[PDB]
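Apart from one protein chain that is not included, each protein chain of the complex appears where it belongs.
Read from first to last, the chains carry the letters A, B, C and D; within each, the first residue is number 1.
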Amino acid sequence: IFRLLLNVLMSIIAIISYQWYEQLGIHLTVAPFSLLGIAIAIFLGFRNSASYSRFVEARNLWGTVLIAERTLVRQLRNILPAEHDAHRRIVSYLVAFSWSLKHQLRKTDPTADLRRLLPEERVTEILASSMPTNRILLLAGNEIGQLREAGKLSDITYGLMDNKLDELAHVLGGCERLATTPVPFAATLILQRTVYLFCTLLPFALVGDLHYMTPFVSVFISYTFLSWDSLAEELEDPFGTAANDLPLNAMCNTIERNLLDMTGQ
Amino acid sequence: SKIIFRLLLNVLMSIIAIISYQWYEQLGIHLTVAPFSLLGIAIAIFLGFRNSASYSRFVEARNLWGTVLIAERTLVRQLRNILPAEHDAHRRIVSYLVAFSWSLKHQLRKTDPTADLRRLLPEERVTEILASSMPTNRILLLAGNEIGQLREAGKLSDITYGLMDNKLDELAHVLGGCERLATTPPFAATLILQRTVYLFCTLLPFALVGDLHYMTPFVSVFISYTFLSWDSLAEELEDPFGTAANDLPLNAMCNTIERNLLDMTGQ
Amino acid sequence: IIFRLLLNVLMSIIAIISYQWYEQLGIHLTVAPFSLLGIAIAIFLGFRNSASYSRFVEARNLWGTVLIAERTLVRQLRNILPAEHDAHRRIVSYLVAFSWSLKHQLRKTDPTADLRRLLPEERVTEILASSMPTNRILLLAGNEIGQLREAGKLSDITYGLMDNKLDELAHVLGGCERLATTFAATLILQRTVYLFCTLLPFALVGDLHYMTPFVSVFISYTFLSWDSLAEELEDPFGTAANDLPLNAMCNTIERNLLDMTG
Amino acid sequence: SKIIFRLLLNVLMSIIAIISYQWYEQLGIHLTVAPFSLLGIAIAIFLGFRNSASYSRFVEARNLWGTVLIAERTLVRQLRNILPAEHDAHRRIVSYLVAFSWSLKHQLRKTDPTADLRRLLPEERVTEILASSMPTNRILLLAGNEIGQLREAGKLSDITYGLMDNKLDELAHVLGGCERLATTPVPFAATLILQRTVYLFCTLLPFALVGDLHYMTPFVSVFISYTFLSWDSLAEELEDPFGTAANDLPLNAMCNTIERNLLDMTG
Partner (left out) sequence: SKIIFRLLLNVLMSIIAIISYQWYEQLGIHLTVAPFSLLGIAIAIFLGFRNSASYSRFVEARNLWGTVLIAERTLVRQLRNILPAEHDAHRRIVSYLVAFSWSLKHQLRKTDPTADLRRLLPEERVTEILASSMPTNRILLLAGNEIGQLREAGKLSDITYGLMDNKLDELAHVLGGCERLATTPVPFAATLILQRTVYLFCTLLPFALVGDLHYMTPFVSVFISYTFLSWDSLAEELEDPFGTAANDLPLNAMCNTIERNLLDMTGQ
């Protein structure tokens, strides 16, 4: 990539610069730039650790959707094995919540998936709100509440599936917070500029003791910094459509297929 | 910030170090780079662990504000799933939940909550809330009376009361976590680490000038920037409930919460 | 592995040889630049290994929860329905089937024999037909206590106490499927650590001469031993040395539940 | 903060090293700085990790005291929300909950809790609590009896009794967790060898620097020693979180805050 190509030529410039720039006293020893490189590597490791934690919290939150939606459908079959109208409808809302969450995080438009799973009557209320995924939850709770006032659910077994709508609410909230949070941007931008300036200004610090071999031993260590710095660029925002990013769309079909299998479809 | 000035000190110090260089060899004073390499590496390790503790303190603060929104969403949702017809209780409870959020904001920011309280609640409750050592505690007490009176009237069983009571429990744990991060910021985690990061940076050009005849200023400023950049980020993370640009945007988060709760109750 | 150590011992020897021309060709491969590169690689190896250990530790805990949850579900059936041993043995068979199925699911092998050894062939087909057979097994564990509730021998309360244990086992199922399915981070380190070990003696040749190959191999031992432990801790459901003994764990589970039903 | 002592000893070792350096090489005794940077960086790594473990102990202690306030605040809230008219019982339980906080504090500080018990509770139960060898735990059971008597009198249902029983379980986890944190010198050697090891490195450091610095040895040596000593000292401070240092837990503040909260919270 560009960065190391720039470094190899910049390394080339440093060799020519050293010889033809001898008159000015540009003595640049290796010891100071070693203290600097060790320092910013300590910071990159700590930063990349913080980014990686953010990525697996995202991955955990989505793991909880599949768990929570499997157990509420199983509770539904176990507690009310006859009410397939309630099961068809509730599975619709559970599946739509997943796709709505996915389109929300991807800042893309959920209408194709929501008509596919819901009557456009309801699909009109959901998109009329600024919080469409939250209202899908509130509607799924309404189906469960209906069963309670009909005397089909007691308060006890109502509460046990109420607790699964709680697990899903914490997913909704946490995902929004992860999307919304901008704390990583300040640290990383200072590190990114610092990492870059350090690599390009580095052959001028090696050329005194390395001569021609400067390009080789400079393009190498530039690779190991840019690569490890770029790694945090991938985990900082994990809801991206990138192959590196969570396969959010594979995960929603798994959700839909599984909730379809459990409902005798 | 204070980082631009401390950068300018370092430059001046490099110039002082070059002139100090002529007197340095006869003076019998030699400052090699190797002892400062060791000191600089140890300082970087300590700042690494420190920033990590500051970032976690910051992450938890926004996590705690994350579940105000979550707990209040589901409490409003339970109210409508269990008592779909009690819109009076829906509205009073929502006004308490909205008041809890704004008063929590005022509590962490050490500012006056009466205006926000007077917009959302009747005046006799505002006096009740402000007489309390913990006004946001008193608000959870009042919301609890709403669900508690619905229970007395027989419109809530003990089961469905407990379900909503749990959400007021979650709000209390949010309340105590925020109070805890405010009253528990360690001193030497910034006493040492800014005095020594400061003193290390001003002393560095002197240790560097023997090896770099005129480049002492440039490389010394690069090193000082990265130590001061990394060090000050931890104090931009040290007051997550503060009011700087990198602190939590708690006003916007209170508007988000209230707009969320109003949207759920048809307003 | 050992091939790589032997190659470093050679590659040191090529540096041994190629040193005769360092002066005439103009080479100054000095040590301090490689001393900085190795220290940074160690920092990233330490962090990557620590993240690899966490996935392994979390995988270990998920499987611990299977044994804990299935134990106390069986405790509850005995404490609450002590004379219902037709139901005890049916539910226990699904629980044992659950843990073997998850082993096969994470290992990508055939559960049919295990399912047949433990369940009637009628339900072995229902399980072998679902998208997630482990998921179906829990569904069928839930109809057993579900029916006891409409048999009226479980109240909604005591039903829910055992329902909670099935929620616990679903969290394990999702936890494992998330770790089994969840490149650069390694790919960066996998490529970089190797190239540093082959180039190091050429920069070491300069002061170690003949004792170049053994410090070069000593250093490379420390680095490669650490990097490969991360790759096997990364795949905790694999078959490597320090991978989870899943077969032993399912047997422990089985002879635990076959100890609590009479 | 006896850092000043081994700072002033460090200056001494520096001047012996200076005057005795010339004498010192009488047969080939030589101390370079490179072995002392390998050793010093290693010691720095182990200090960061140790300090990170000590900080975690501090954060857990604060979290445990946090939920004392949270659990006690919601327990008395549930009492007023569920039984608004039974204030004879609110006063009895509030004083047990307040006595639990103070009794917990005296137990961790190894101080006499009699004055705070005789001020909150009737003397017949004060002697029952002092007779027991686990007094804080006996306060919990006593608070539990109050809830239990309200349940045998039909004023509480099993469900509503259950919601409050939960909060007593929260306090039971606090007590045990606090007791485990107090009794954990465990491997005190981990900081005990490190305290000495850091001490020997800082005494020997000027002898390893005089060849490079000469007269500037005591300045660079005290700076390196200060950095290492203070970070070590912060750790020995953090890992005794119930101690009496300033960086420790304001236990007094929290006990008074919850008493005021509970009092202001009922009249």
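Side notes on the structure shown:
Following the convention adopted for this analysis, a residue touches a chain if its C-beta (ideal position, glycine included) is under 8 Å from a C-beta of that chain, and two chains touch if they have at least 3 such contacts.
Touch with the chain omitted from the figure is made, among C:172, C:189 or C:219, by C:219. Only one of C:4, C:28 or C:71 touches the chain withheld from this view, namely C:71. Among D:83, D:190 or D:245, only D:190 touches the chain that is left out of the view. Where chain C meets the omitted chain, the residues involved are 31-32, 34-35, 38-39, 42-43, 45-46, 49-50, 53, 60-61, 64-65, 67-68, 71-72, 75-76, 78-80, 82, 155, 157-158, 160-161, 204, 207-211, 215, 218-219, 221-223, 225-226, 229, 232-233, 241-242, 255-256, 259-260. Although one chain is not drawn, its touching partners on chain D can still be listed: residues 27-32, 34-35, 37-39, 41-43, 45-46, 48-49, 52-53, 132-134, 137-138, 140-141, 144-145, 147-148, 151, 158-159, 161-162, 165, 168-169, 172-173, 175-177, 179-180, 184, 186-187, 189-190, 193, 197, 200, 204.
Just so it is clear, only the chains that are shown with their structure count from here on.
Each chain gets a centre from the mean of its Cα atoms; for chain A and chain B, those two points are 23 Å apart.
Viewed as a network of touching protein chains, the structure reduces to a simple linear path. The chain pairs satisfying the stated touch condition come to A-B, A-C, B-D.
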